[PDB]
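So the structure is just underneath, and the comments pick up after that.
Here's a slice of the assembly, chains where they normally sit.
By letter and in written order, the chains are A, B and C; residue numbering begins at 1 in each of them.
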């Protein structure tokens, strides 16, 4: 039992924080105002190491474990206000780079993986459908086996990075009779006949992180573009959501650390009634709640990632971390706004935008109600 | 003890709801998208009766009590998505029309009040300053008595409607030695030498309701433009915040009623796992929380307004209502978003914008921490 | 819309409060210390009017509506610390007197009802079983029709007043094929062959209110002792739980009013750091939460009872009231204890005993999770 970072871990965090502050955060307000996702900046960040994660040196990575990857992303969330860009990068890493690395064939990794790792190609993961969100293994898209490969049809929605992606990791039923065990995963390229990527659909939360729908009309998928084995798509999707929960969520821990620093500074500076507003217990009690949340959920995340790195069963720990971080990020966003009063309603300060950016953390990679179903199953309450 | 509306009260509600639905709500999405506050629509709403409140027939009003006024505004909040416009109207009514009616001289009412009541003139109330928000009686603006009137200097911030107002109800120290008892209230016109109204300052919450700062540089205020007696400004401001709490807050009750109807409809329609998502207790428990909040806070508001109409001391009841409504409006906005999942991130649906619009309800007319100070004082805990 | 009591309602409340203070509360600490339920005091309270409720003058009652009955019981809960005795009386009234009055035949009312109304006979209601608590219509006790009546077998548990009751209102399956529609209700007397009433089972909550199990071994029930029609037991039980929710819960509103008065007094009297502890916002914020809870849930209860008296559908309103009152009573018990600090751990003060007494309010007459199921059904979420 130990709560210090190794020198190696500290260096990873500090180097990422410096990049996030000095490269990504510079000029972020202009990009955020204009709803710009800078693909040139995105590619620099990817190549710096944010698209690497556990990927081996053979494909351009540094073979980080889950805790190291989480530290890097925590630093990114603390260091850069441009959380839409950070979310876009972490989605590419966790839902696309990592499943290709972990399950792709030698031939598929050789063709595509280093390009994803260095950010030469942007990827999007397409699983959700209009009738399959929480009930994801009810997806209706079909990849019907044929000579040479598969015929793919269906519609995917809410796809992060679809308007900017070069390749798509897509999940579809190769055996529509089944649920989880009837799903396969495939890699398809932008431009393939029958792939119709929709125009970006605007949103107020994560507003510069583009998403859209994609429609498959009789796409031919060559056999070699299946990722992993036939019918293993459910297991692949599952494994990628573990990395998305476990490591992508670190982004919101680092955002909460930055939020707490800003809020503490204001509560010491702002005077009313002849003293700093932090001297009133109504004010200081809320800030203490923010601090208690940050310390608790960061330890939960660190232990979940550490257990993964030890080869222990970390599924319940990662669901617990994702649930706590996202709830705490939203509640603390509200508490920061309440500390600032009327001065919160100020687009240069970013507190309201911060709350908007935290709202979807309770939804993606599985809603918090679904995390509770996962935890309930691990506790033996779904027997 | 009775919980039915009179036929008169029912008619007031239904007529206001019809206007809000058929006149203000029509085309609201376009105006909201473009951040437009339609002054022509605003003036129609004012003249319909939303700028009238308790004002007598002599000045164009219908002599509504507080409960009737609250019913009208509840209907407005349920019937129109354009809550920025509604907030702008209710600010003009509660913080400007009502103090002029209740404290203005015959000569000042004769000159200005009917024009405010019919919406021919838009008004803004200017009390808050950079160093006087919660500690409002620390305001530093000064109205130095001189022959003929006063010389006014100072700066006001966060002023709803300032960029569109024709007249300003302003609070300033006529005796800078004192706090509450050193404040007077004045009416000044747009265009007066020395009045510098700032350009609209954008915000994401209530985004089409314009506000800005105003600066006074050696403005001469003629004696006849003082509202009420010298040194009575604190009492006037206080009384106007009672109407702003007590009746303007009704807007958010009606918004919560509309939100609950939308959320219940979705939870019955949306299927996952072979059933309506409202069949899962995680989902239905949150919707029940929304329903419990709405029923409780609407009764608190109705009783506070009814006690006012009976001539009872309603100050603590109005502070309790404002506190509960605003907290419940924010929490229920979050609960609706969580019910919809990814479909909440949809600008046409308006759920995220609804939450943005509710966030400032915990701040204006006194933050919720200040409401608790008021309640604590009434309970004898500030002795 | 009106929030004043009629003179008649005020008199009912004040007379009950005086009785509770001057008759039941006198000497209560000694009885509570010794875990005594004074049947002589119980009978005086019953005859004063607490066992009357809606019962007509023909049987000794005053034909109170639900709101009047709730006012009487609110006064009882504020006026007497002996909540175990009050709970025992209200259980007899709501679960036994009222179903006999509302559904019993002329012959059964003539024989028993006035004796229950004046407290000459104590009654207990026996529905719950080891395998039928929330799922009450899964009860397995059977009343097999035969010549002359029924043969009753089974076991009931958690029966308030069973060790002191003279008669028992019991629910059993006359058609074991069905659930709700297979239940009938019966009145049986202490002493009947085959009735085995268990010895009192001690508890720390409501510790002087006796309960035990009862076992039926081939009891013969004469036909004339069935209450209402065959198979109508589910509807009778349902209707009695409405009165138990709706009116018995008033007891905990009056207890919260007494608790708040005690807590406010202490927070003004107790000094630390040179001032009253109520001057610290951590302390006053919790007391304000107690006050907000009491005002909200009392209005919900009053409206639920008023709607019942108007002949409106009040089922959802009564479930909402029972849910809020019991949750708020428990949370406010904890908040009072926290206000007192170490002085809460004092058996003469009664704050810890008060919390114990509130804990079962979330369980009896249907748990709060079951109230949410009822509300969810009324909202259309169980379709």
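Points to keep in mind about this one:
The rule is short, and it goes like this: a residue touches a chain if its C-beta (ideal position, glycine included) is under 8 Å from a C-beta of that chain, and two chains touch if they have at least 3 such contacts.
Taken as a whole, the complex in this structure file is built from 4 copies of one protein sequence, with 3 shown in place.
One rule holds in what follows: only the chains that are shown with their structure count from here on.
Centre-to-centre separation between chain A and chain B, using Cα means, comes to 39 Å.
Rounded to whole angstrom, the centroid-to-centroid distance between chain A and chain C, based on C-alpha atoms, equals 52 Å. Computed centre separation for the pair chain B/chain C is 43 angstrom, with centres defined by C-alpha atoms.
In chain C, the residues touching two or more other chains are 281, 285. Chain C meets chain A in the complex at residues 280-282, 285. Contact residues of chain A toward chain B in the complex are 128, 131, 133-135, 138, 157-158, 201-205, 271-274, 280, 282-283, 330, 334, 337-338, 341-342, 344-347, 352-353, 355-356, 359-360, 362-364, 367-369, 372. Chain B contributes residues 1-6, 9, 67, 264, 267-268, 276, 278-279, 281, 283-285, 287-288, 291-292, 295-297, 299-300, 302-303, 306-307, 310, 320, 323-324, 369, 372-373, 375-376, 379-383 to its touches with chain C in the complex.
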